[PDB]
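Peer 1: Letter by letter, the chains look like this.
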Amino acid sequence: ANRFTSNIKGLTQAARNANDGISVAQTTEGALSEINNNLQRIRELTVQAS
Amino acid sequence: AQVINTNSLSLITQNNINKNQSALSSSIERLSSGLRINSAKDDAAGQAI
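Respectively, the protein sequence lines represent chains Q and G.
For the first sequence, position 13 matches number 63 in the deposited numbering, and the numbering has no gaps at all.
For the second sequence, position 37 matches number 38 in the deposited numbering, and the numbering has no gaps at all.
Hints are supplied without guarantee of correctness; some may be wrong.
To be verified - Distance condition first, Cα-Cα at most 30 angstroms in a straight line; then the derived BS3-like pairs of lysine-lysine:
{"hint": "1", "chain 1": "Q", "residue 1": "59", "chain 2": "G", "residue 2": "42"}
{"hint": "2", "chain 1": "G", "residue 1": "20", "chain 2": "Q", "residue 2": "59"}
{"hint": "3", "chain 1": "G", "residue 1": "42", "chain 2": "G", "residue 2": "20"}
Read the hints as simulated data drawn from the structure, not as lab findings.
Chain G on its own, in the form it takes in the complex:
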């Protein structure tokens, strides 16, 4: 290796992992309830109707 002051290689993966917990938490919370909206976060028109 040549660069150590900033270990870019380790830091790349964290971006994908952080994007992953969003989907993980969303899916698990939609599972815990019998509903899929479960919030105002998702498409609000569907829950308004």
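Isolated chain Q, as found in the complex:
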């Protein structure tokens, strides 16, 4: 029972820590959306100025 309790607490803590990764990746994709849109805009007036 002691081993199972320790294992369950560890699994719960790891499961809680896991969502940190998806939060970080969501922040990163939100940040790089700016790079995507700005690069597309640069391509836009690059086509314009060609």
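Once you've looked at the hints, dock chain G against the given chain Q.
Peer 2: Just chain G now, kept in the frame of chain Q:
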């Protein structure tokens, strides 16, 4: 009843409910915008093309 120290019966439902908010939030956020990707979460090839 016999077991009370861990009420498994109450705890079973929470798993399904937690799996449910994922689909609920996904559907509502795809509705709020006119787009279906709305993120990098979904199939990234479709949004790349």
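Peer 1: All hints, please: hold or fail.
Peer 2: Tested hints:
With a C-alpha separation of about 29 angstroms, the suggested pairing of residue 59(Q) with residue 42(G) holds against the 30 angstroms cut-off. About 21 angstroms separates the Cα atoms of residue 20(G) and residue 59(Q), which keeps this hinted pair within 30 angstroms; it holds. This hinted pair checks out: residue 42(G) and residue 20(G) have alpha carbons roughly 16 angstroms apart, not beyond 30 angstroms.
Consistency with the previously given hints is maintained throughout, with no hint failing.
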